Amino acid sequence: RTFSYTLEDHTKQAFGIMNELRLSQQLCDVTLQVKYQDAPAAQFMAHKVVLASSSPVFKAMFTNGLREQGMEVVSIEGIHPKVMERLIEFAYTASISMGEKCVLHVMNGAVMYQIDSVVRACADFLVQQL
């Protein structure tokens, strides 16, 4: 009496569209403004719900109480823009790529945003290089 269907590729397909929307800067409600030491400032527009879905730190940051009035700007320090870029790309694509010289910095950034999957991968890479 009951009919039930699951599209296994759905979440992959949907994230592809959400990443398209990020890159076309559509429906974005947070701008991450990243200024790290000597490097020129950079900014990244994104969707709070997507960032919250991949990082407990972003989730707590955006779900404070009575949900917000429009596009919010967030100041980020302590992470190089190139690392934040790769973490955002991970949240939107499930993949991350970097040079061996950046693995430590990406791991530092993944710890800062509690992106546990990237922490494990980076930790395991560092240890294999021993």
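Positions refer to the first chain, counted from 1. For clarity, a rigid core is taken as the largest C-alpha set superposing within 1.5 Å between two forms. First, how it differs from the form deposited in another entry.
Here the rigid core is superposed between these two forms, and of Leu27, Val73, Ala94, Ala39 the C-alpha of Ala39 is the only one to shift by 2 Å or more.
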Contents of the next structure:
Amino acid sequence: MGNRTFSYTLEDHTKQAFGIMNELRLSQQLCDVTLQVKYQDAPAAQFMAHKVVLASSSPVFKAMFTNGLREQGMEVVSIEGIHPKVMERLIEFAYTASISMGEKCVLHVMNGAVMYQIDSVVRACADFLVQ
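Could I have the structure of this protein in the form deposited in another entry, to go alongside the form deposited in one PDB entry above?
Below: the lone chain, stripped of partners and molecules.
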């Protein structure tokens, strides 16, 4: 009584939500950006995604997408300086909160994570290197 308002956090929710966002990415629905990842004259690799989700993972993505002006349809964004396999895992991280690596690719991933200022991935890579 007394017009008091109560708040309730639903603890399973953000994990289920990200799962749905990842599903939509993989079925290429609602996406508004296509990344064209050109590295060292390999053929360009394409990844579709949602700007709001990439921005939520990376201050670099957030600045890129919120700063200028385009046609507010599907934007094709040229990306250089990072291997597509690295960018693939950084996108997967933004949508899953998980990242996989091996001895042969941890430095690659760390380098990408530094470049996109994904601090939590940088720290996971560090953890991996030291063990």
